[PDB]
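Only one chain is given next, in structure tokens, and it is the form deposited in one PDB entry.
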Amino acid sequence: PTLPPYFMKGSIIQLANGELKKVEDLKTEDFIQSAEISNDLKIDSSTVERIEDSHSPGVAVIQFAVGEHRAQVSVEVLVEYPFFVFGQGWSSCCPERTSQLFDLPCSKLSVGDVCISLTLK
């Protein structure tokens, strides 16, 4: 998988209400309100369960307990991939690199971290 440009600081993100924010300024509320406004999308907590920094070069595999039942989910993203932890900004498997490429305040992604994900409903 390749890195997405939008995480780059100074990037402007269009919210639910058409409002414009720079990626480095997005807070939690911004996602919540943005979701409560959208009639299509819904927010879903994706607590981390396992970070088996796995397989190949600099990539990682993360498992989440999604849904109100703790569905066992998996994902495969580069270690520097950012996650928006509830009320604690972004986080990652390699905070140092994340914060090098995108120049964003990256906390260490640990098990237990309740993340933000989207889904339809």
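Residue numbers count along the first chain shown, from 1. Here, rigid core means the biggest group of C-alpha atoms that superpose within 1.5 Å across both forms. What changes on going to the form deposited in another entry:
Rigid-core fit between these two forms: of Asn39, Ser74, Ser54, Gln88, the one residue whose Cα shifts 2 angstroms or more is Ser74.
Relative to the superposed core, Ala16 undergoes a Cα shift of 2 Å or more between these two forms.
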Given for the second form:
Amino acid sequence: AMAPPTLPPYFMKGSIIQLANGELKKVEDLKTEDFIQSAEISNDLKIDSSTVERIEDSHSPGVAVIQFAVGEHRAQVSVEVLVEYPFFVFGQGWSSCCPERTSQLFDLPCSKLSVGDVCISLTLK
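Having seen the form deposited in one PDB entry, could you now give me the structure of the form deposited in another entry?
Shown below: the chain alone.
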């Protein structure tokens, strides 16, 4: 599995996200509860967690391969992702394989992504 060649623009520092209570938060200030509340109000969307099992360098430049356990039943998915790709980790906040690189592209502060990190995402119900 190979990730989309493009990243969503809202990762840029200073970008504003629209929260479910009508709230607007700067992308760097996002919290887990923001995802939770946004999914809760939305009839269309639900929250989904993916635990990181393994992290490894790819054969392609600026790309790392990450094994995820996706959702309930822990579905096994390996994806080639850019080392700069920010993930939002449960109880942690923004995390990428190359935080310093994320700081260059999006100027987004990131923890180092590690095994055991639970990545939260918005998904369909």
